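Excluded from the complex is one protein chain; the other protein chains are retained at their positions.
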Amino acid sequence: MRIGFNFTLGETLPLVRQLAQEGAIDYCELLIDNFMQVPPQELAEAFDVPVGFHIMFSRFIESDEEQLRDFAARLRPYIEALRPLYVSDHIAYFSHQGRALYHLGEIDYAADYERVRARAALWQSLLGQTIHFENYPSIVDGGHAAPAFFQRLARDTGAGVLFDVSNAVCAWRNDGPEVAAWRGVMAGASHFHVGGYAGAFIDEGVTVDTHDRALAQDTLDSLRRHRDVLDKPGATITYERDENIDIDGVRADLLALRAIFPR
Amino acid sequence: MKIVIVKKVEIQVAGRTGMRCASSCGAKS
Partner (left out) sequence: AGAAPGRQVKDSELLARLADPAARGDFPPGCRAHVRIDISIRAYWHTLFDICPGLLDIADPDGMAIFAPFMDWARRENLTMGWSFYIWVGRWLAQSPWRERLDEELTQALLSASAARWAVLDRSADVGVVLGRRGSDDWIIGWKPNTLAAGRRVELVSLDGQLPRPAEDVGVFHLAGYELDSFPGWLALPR
């Protein structure tokens, strides 16, 4: 199990390079659509280690098809240049009746499967790459169906599941399904995420996917419980921190993960 | 046509952590 760190801000490159040298990360996961004006060759010459792609705003389910074809065309040079270990994207509502959602919406797993299927099949063809799709940190109801949803999406289109273990404990803390309900997906999955979470400002009893703190114990205890079906040759797990990105806090979590998945 | 530039200066706009930023999947804090 190789351990990675997410890279969304260029300003954090000195920090990623030094964690690459202490051997605290083995690969690095770029939020690739944040760098699509950085020359592909220049991007590639910044990382000695291998990389993975994470896409934030393809909007592949809801986007206009020609917009999505152009996004794919502009993103293919980056796949050719950096030759990443994997490509990953999101399943969520980004807008409603044309108006942006600043906090993404959970899709209707029952009602929306056929539109997601058709667009995931297409989106993978337009990139020429398998895409692993990330589960949502559910807050309200309906997310009990996500494990079946993701398995069916993988059987039907050949996609992968980028399983965010931390996002699954957020759903579990929000009365969603047990993290154990994902063991089937974990056994078939090769690429994973984990990050910190926090409570909502007005109610600490609901858990929010903030990626701004240290790993919580139920997060680490769920990695230990299912270490048997997460570790495989070629597997990766990306630690994600998007706020409070200081070297000491991040190193504490990257070394806590290697304490669960030693070299 | 013809743009007559005489002075540029950067404007600070707040951002993420150390600012000058980019998107991310985490919810606001």
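For reference, chains read A and B in written order, and residue numbers begin at 1 within each chain.
Keep in mind that, in the parts below, contacts are C-beta pairs under 8 Å (C-beta built on N, C-alpha and C of every residue); 3 or more make two chains touch, one makes a residue touch a chain.
**Q** Write down which of A:5, A:27, A:71 or A:133 is the residue touching the left-out chain.
**A** Only one listed residue reaches the unshown chain, and that is A:71.
**Q** Which residue from A:33, A:242 or A:253 sits in contact with the chain not drawn here?
**A** Selected residue, touching the omitted chain: A:33.
**Q** Hey, which subunit B residues sit against the chain that's not shown?
**A** Residues of subunit B in touch with the missing chain: 1-11, 13-15, 19-23, 27-28.
**Q** Contact with the hidden chain only, please: which subunit A residues?
**A** Listed in rising order, the touching residues are 9-11, 13, 33, 35-39, 42-43, 46, 57, 70-71, 74, 93, 95-103, 105-108, 111, 139-142, 174-175, 200-203, 205-206, 208.
Here is the rule we use: only the chains that are shown with their structure count from here on.
**Q** Can you compute the centre-to-centre distance for subunit A and subunit B, using the mean CA position of each chain? Integer Å is fine.
**A** Centre separation, subunit A to subunit B: 26 Å.
**Q** Quick one: in the complex, what on subunit B touches subunit A?
**A** It is residues 16-18, 20-29 of subunit B that touch subunit A.
**Q** Quick check: in the complex, which residue numbers of subunit A touch subunit B?
**A** Interface residues on subunit A, with respect to subunit B: 8-11, 31, 33-34, 54, 56-57, 90, 103, 195, 198, 208-212, 240, 242-245.
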